[PDB]
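Chains A, C, B and D: place on chain E using the hints.
This is what each chain is made of:
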Amino acid sequence: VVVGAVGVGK
Amino acid sequence: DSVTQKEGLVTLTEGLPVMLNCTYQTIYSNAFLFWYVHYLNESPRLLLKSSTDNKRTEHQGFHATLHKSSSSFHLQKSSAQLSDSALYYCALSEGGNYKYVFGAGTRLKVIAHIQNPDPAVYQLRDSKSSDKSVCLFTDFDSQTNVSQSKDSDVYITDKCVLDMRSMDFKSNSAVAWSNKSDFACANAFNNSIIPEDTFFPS
Amino acid sequence: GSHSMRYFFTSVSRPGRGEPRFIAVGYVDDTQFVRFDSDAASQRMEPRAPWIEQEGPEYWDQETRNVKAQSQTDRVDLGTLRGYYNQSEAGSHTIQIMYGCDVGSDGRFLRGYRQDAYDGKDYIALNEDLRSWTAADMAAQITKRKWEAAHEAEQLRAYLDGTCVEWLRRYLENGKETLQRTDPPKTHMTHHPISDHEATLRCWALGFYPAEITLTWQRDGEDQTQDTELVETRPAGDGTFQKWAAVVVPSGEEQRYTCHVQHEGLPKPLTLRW
Amino acid sequence: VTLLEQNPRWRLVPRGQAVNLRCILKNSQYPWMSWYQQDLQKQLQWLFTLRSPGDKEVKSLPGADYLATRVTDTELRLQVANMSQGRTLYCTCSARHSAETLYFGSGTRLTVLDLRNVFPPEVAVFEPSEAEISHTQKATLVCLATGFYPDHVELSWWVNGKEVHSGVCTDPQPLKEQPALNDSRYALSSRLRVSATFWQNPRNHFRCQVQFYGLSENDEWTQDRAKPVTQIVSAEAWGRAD
Amino acid sequence: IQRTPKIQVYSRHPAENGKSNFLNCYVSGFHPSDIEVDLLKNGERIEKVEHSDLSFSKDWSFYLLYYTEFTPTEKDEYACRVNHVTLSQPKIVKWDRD
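Residue numbers (the deposited numbering), protein chains in the order written: chain E, 1 to 10; chain A, 3 to 204; chain C, 1 to 274; chain B, 4 to 245; chain D, 1 to 98.
Isolated chain E (complex conformation):
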């Protein structure tokens, strides 16, 4: 399963 909450940009 893929990570649940994508976060901050770079």
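Subject to a maximum C-alpha distance of 30 Å in a straight line, what follows is the list of computed DSBU-like cross-link-like pairs (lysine-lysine):
1. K57/A / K8/A
2. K111/A / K179/B
3. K94/D / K243/C
Note that these hints are calculated values from the structure, not bench results.
Frame of chain E, contents of chains A, C, B and D only:
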């Protein structure tokens, strides 16, 4: 469906414990629930959150505990204060979704315990043209309910609660007026539920 | 006999032609099971191994959304590294992200890993402890700063011993019939002379699983680390793998050279020779 | 001065017209931005979430058409077209695209009306009845603001030049002067209660202020009456000993 | 900042004429990712050809497998045509029944 706050509006005296009902419907494991509070003339801000079963979360004297078993996240406070009066939204993140789903809002209108009731109607004069007039119904306990006027040309407002650090004489009041020459303060507060001993000077 | 899940992410730009291409693939141990391509007609996360197909529409809904999420925080990042690196907006560029989780034989969490790259160059990687980050240059050093702020280190630690390690177990049970098998390499040798005085001994091996395998050419106890030819273990196209090694041998001495195959599905190392 | 900056803060819109809103991100590490609507029933609803520059999508709901665009990482725009129902629109950001605290902008209130019915409020201050002061040792001031449209006004009391906090009783809601029309002009009342000793000091200053939200001078007024533009309307009274 | 593909052409099962089998061409270790590969029969471009989903190794280099079903005769030649930015001209490596 989804989030459901069954009680739309909650009315209680200051000092009574507070509880808002919130039920939810997800098919996912990813259950993150929010209470957000939105006062008038403010923006919605966060009150508290959790995703943990049976973990009490507290923040500012309010608390809720998530119970994944009963699809519930009820918001609780020990003692109602005049300052908590607001709109309350409950909302859930289904994890899969990018969006967030909010309820229909629960309005907690905390009203005052009037220690020593003393209802009266007074008449105020206009600071420019003295002829124009208003009627003030004030100093009653919060139990009595305002009525709308029966005449269309007689205007009456709802209850309004006012504070006074001056020995805490917090008290409700409501206003009535007309530009008709026949309106008098004695008959203006019509269709009302005024106490028999409602004060009425000359 | 530990198992692992890996999620491979790659983003390549196409200045002008159109929105960049996003190909994301997932691997449980050494079998591919999920797939997402920004260019395929579905626009939705897809199955590849049969044993994940049993999961319902809810799994395909979340999984499509969360991978479409990663596609987007990466279009943004393609351009953001275009800036950091002072590169022209006419050139195609490659971002590669890889992360995954390790569980032991008994299901425990072992280790988790994240490594990211730009144009095939090491960019940032997640450290040993899962509490710190390592930047490769001062450009990625700025990203390192930002992640240290929004705490991508700890909330990703949560994932690697939580959501991944569970669903890895579920993946190992919904397909234990097919992911737990250990197929042994079917071995045999071939011989083709190149000239009169010279000949080649090539040791083949087909149909093994997993791809970890070792072919070692030993001449009477001696390693031909300076004389042997080995190819990349390659996929057969069916879930098993193939690899061969060859050694240049003098014509008429094919018994002095011996071949050794050491695999998980082989009871004891086979030593095959002419 | 905050984390999200949303413009314009308010807008009167004639029916069928358009209005463009935009939101500015103030901290690049909360890049997940969204638009939500709030209808006249007080219901909250999600509208869009767009992460990358270039994202455009349209959606139609009851009363309004939407066109959204993320211009860059910090500038997001929103077009509302073909309106038939008033709204409040909110901008948001959060650190992760879901399962995080969602942070709200100040909001943009939209009202649907015909420009020719806008009227500024009339403001009048009423001095306390003497019977109250005699009987109760206190003084309740009344402010009545009457005759305005739309219902976007703000009332405040100022004592000796400073806005007051205690003793303020601003009506919860306006009153419909002509409750049978859905286009009546409105009224709002307020209260200010202070001790009898404080009112009986002719050195004390009371001013009742109504901020009105109306048109801008970039619109034109035709009918034979003053231009109902954004303005404050005030009334006042001084202390009166005995 | 650019790496060249490694090409291997082969058959899925041990090769037997008359038996339907599979032709595989595995290109690994190449950068950047856009690469053109065609499987050739007697100099002709095969039309129905599928390829695996693009992935990469731990050195950040890419790897792809293009495959097709085939019936090997003795009078048939099979080949792989690969062109990449790191490759001046299209490179062809053929299949050896070996």
